[PDB]
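**Q** Take a look at the letters that make up each chain.
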Amino acid sequence: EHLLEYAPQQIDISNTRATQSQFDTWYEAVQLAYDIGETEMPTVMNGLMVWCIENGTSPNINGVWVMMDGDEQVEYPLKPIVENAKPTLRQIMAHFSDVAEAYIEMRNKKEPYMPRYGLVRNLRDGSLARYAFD
Amino acid sequence: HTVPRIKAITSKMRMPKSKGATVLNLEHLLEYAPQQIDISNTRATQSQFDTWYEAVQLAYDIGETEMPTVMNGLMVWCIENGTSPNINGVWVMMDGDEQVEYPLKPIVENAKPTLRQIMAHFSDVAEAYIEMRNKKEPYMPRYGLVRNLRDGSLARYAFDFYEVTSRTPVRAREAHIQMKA
Amino acid sequence: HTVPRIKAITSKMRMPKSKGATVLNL
Numbered sequence: 068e069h070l071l072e073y074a075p076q077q078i079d080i081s082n083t084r085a086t087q088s089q090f091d092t093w094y095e096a097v098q099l100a101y102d103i104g105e106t107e108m109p110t111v112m113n114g115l116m117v118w119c120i121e122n123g124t125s126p127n128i129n130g131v132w133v134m135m136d137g138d139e140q141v142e143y144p145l146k147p148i149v150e151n152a153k154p155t156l157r158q159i160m161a162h163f164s165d166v167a168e169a170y171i172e173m174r175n176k177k178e179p180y181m182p183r184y185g186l187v188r189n190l191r192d193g194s195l196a197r198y199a200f201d
Numbered sequence: 042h043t044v045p046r047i048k049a050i051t052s053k054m055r056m057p058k059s060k061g062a063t064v065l066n067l068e069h070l071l072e073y074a075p076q077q078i079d080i081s082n083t084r085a086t087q088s089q090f091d092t093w094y095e096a097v098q099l100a101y102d103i104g105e106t107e108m109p110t111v112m113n114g115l116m117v118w119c120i121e122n123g124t125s126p127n128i129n130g131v132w133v134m135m136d137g138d139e140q141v142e143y144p145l146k147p148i149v150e151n152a153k154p155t156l157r158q159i160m161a162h163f164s165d166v167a168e169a170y171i172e173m174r175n176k177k178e179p180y181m182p183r184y185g186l187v188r189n190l191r192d193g194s195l196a197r198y199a200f201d202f203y204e205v206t207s208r209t210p211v212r213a214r215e216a217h218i219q220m221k222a
Numbered sequence: 042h043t044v045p046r047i048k049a050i051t052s053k054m055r056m057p058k059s060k061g062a063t064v065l066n067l
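Chains as they are written, first to last, in PDB author numbering: chain Ah, 68 to 201; chain Aa, 42 to 222; chain Ar, 42 to 67.
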């Protein structure tokens, strides 16, 4: 009587997506590392995935990621993000996979815009670009 | 009577949430559109290019308003001989017929993460320069001559530090693809 | 609006002191 009523979403119980308990830990841990309060970090995470779209999700820990204000680049250390992401950054970043395609398609209607995941692998198509991030 | 139209479906789309609050503000995403090559990783960071610019400036003991002349010939050399030379080497730049030599150790050593990514900042000017010097005599950089690039028009996309942006021609992208020939 | 830049940190650097007075003149 419970199985004929228990229908969970496939992606919620999946293993490719990191657990909701393991995403909150990564969210708060990165929040503590950057010394950025709430109601302001969403701006930082607003540009984290845009960077991760272009440059994949397996970068060097000692590196740095960039986000633009107008024309000036701002830099955030990459060590807290990769180090505090369990089991890995890709699975933690998969929570944004629903928004990434909506963002890529939004920026593909005015000029061609292909993430580097496709350019390196020679993805010779225009419409199939919103499914081309790591 | 009225034909029975199919009830349109609506794909709910899952926001990434954290303790009942979303982690993304959408009024900023619907307005945040950075240039692809600026946030890219193939091009070295603007903060990592200024360091390489000043460091090489200090190493050559050449003041400002004069170094642009030196950098005017650095990329021309780098077009012909790639961007991964020996550190202990030397690069050449001509005044008329006389060659002048600059040590290659400061340039390669102080280039982070690598010389190619630091030199990619000139990739927009290199094709404009190659095309300018290709309209009077055939002029193919050695990156193409070694790999047998059998074309004349597709020569301005044939240097080592060319960055594949979204707007390069498809023929250029494949022309980069074969790599070693 | 303006991107939230990371508050630069400043590594204090410990002078060798002796009875409240430094032993090095910089």
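One should not assume that every hint holds.
Distance ranges between label pairs, derived from CB positions [stated by the list, open to error]:
#: 1; chain 1: Aa; residue 1: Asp136; chain 2: Ah; residue 2: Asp138; range: 16 to 22 angstroms
#: 2; chain 1: Ah; residue 1: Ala74; chain 2: Aa; residue 2: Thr63; range: 53 to 59 angstroms
#: 3; chain 1: Ar; residue 1: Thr63; chain 2: Ah; residue 2: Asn82; range: 56 to 62 angstroms
#: 4; chain 1: Ah; residue 1: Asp138; chain 2: Aa; residue 2: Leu71; range: 17 to 23 angstroms
If you only want the chain Ar side, here are some residues facing chain Ah, beta carbon under 7 angstroms, derived [to be verified]:
#: 5; residue: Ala49
#: 6; residue: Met54
#: 7; residue: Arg55
If you are wondering where the hints come from, they were derived from the structure by calculation, not from laboratory data.
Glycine included, each C-beta is placed from N, C-alpha and C at the ideal position.
**Q** Taking the earlier hints as the rules, which of them does this structure contradict?
**A** Result: hints 1, 2, 5, 6, 7 break, sorted rising.
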